[PDB]
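2 protein chains.
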Amino acid sequence: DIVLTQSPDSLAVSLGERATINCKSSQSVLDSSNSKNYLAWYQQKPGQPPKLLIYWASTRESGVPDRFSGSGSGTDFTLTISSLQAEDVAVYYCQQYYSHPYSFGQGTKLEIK
Amino acid sequence: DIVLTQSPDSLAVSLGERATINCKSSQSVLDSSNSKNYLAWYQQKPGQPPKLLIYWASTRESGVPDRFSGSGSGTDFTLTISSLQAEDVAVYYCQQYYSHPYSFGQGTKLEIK
Numbered sequence: 001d002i003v004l005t006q007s008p009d010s011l012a013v014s015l016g017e018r019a020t021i022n023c024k025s026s027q028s029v030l031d032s033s034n035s036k037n038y039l040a041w042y043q044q045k046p047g048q049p050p051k052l053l054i055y056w057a058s059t060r061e062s063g064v065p066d067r068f069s070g071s072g073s074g075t076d077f078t079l080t081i082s083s084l085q086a087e088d089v090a091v092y093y094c095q096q097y098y099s100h101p102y103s104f105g106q107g108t109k110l111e112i113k
Numbered sequence: 114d115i116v117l118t119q120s121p122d123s124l125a126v127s128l129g130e131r132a133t134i135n136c137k138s139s140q141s142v143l144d145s146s147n148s149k150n151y152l153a154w155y156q157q158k159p160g161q162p163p164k165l166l167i168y169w170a171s172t173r174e175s176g177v178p179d180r181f182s183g184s185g186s187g188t189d190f191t192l193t194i195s196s197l198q199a200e201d202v203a204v205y206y207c208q209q210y211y212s213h214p215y216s217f218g219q220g221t222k223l224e225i226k
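Taken in order, these protein sequences are the chains called A and B. Read in order, the letters of the first sequence are residues 1 to 113 in this note's numbering. Read in order, the letters of the second sequence are residues 114 to 226 in this note's numbering.
Treat the hints as calculated values from the structure; they're not laboratory data. We treat Cβ as the ideally placed atom computed from N, Cα and C, and that holds for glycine. Be aware that a few hints might be false.
Said to hold, decoys possible - Over the 12 Å line for every Cβ pair with chain A, so calculated as not near, a few chain B residues: (1) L117; (2) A125; (3) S145; (4) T172; (5) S182; (6) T188; (7) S195; (8) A199.
As the list claims (entries may be wrong) - Think about it this way: if two alpha-carbon atoms lie no more than 27 Å apart in a straight line, the pair counts; the simulated DSSO-like pairs of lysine-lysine are: (9) A:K109 <-> B:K158; (10) B:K222 <-> B:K158; (11) B:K149 <-> A:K45.
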């Protein structure tokens with residue numbers, strides 16, 4: 001089964017600065033036929049459900065701020081927040097839906113420094 | 114935007130008994146062209162990422178105990194946990210992926226009486 005490992009586990013970034021979170025999959029999640037990477041990114045704040053930010057590794061979800069972007073292919077992916085805002089403090093998770101059982105990374109805590 | 118509302122918000126159940134969690138969608142998530150309900154259920158414990166339990170409303174993910182079962186259709190769904198065990202203490206979420214933006218219910222916290 002595919003295992004996702006995120007890094008770092010926690011990130012402290014100054015307000016307005018760029019935040020970068022990585023996710024590495026044990027197996028490629030790139031579908032060679034359609035060229036799609038079955039990888040998604042979620043944001044989750046205390047007492048609230050997860051919120052989808054990016055899917056297909058780099059397509060932005062409806063309603064999600066433009067400062068959120070995803071990149072990468074195969075086994076290495078990255079979530080980038082162009083300009084960190086106070087409201088971006090939360091836990092971020094990557095998820096693969098390439099093959100069952102689907103799985104999530106351990107999560108990365110993002111805080112203001 | 115399809116909104117999911119779970120009920121109850123929290124519940125306390127006794128070991129060995131049956132727990133029931135409902136999810137209501139503001140609009141139907143049943144695709145009449147293929148007869149599939151684009152609805153999933155997740156389990157999440159403190160400090161851990163979400164874990165997929167059921168998808169397509171009633172298909173149980175591999176590795177998941179058979180005490181977990183999903184039912185329902187259209188706008189009304191139910192997650193049933195039979196023979197409750199201490200390890201089932203967690204927050205449960207329903208998720209719809211019928212139309213964008215995809216969305217999660219507010220979550221239901223399950224505890225042991």
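Taking the hints in turn, this is what the structure says about them:
no., hint, result
1, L117, "violated, 9 Å"
2, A125, "holds, 18 Å"
3, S145, "holds, 22 Å"
4, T172, "violated, 9 Å"
5, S182, "holds, 17 Å"
6, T188, "holds, 18 Å"
7, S195, "holds, 21 Å"
8, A199, "holds, 23 Å"
9, A:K109 <-> B:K158, "holds, 16 Å"
10, B:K222 <-> B:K158, "holds, 10 Å"
11, B:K149 <-> A:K45, "violated, 31 Å"
In terms of the numbered hints stated before, the structure departs from hints 1, 4, 11, listed from lowest to highest.
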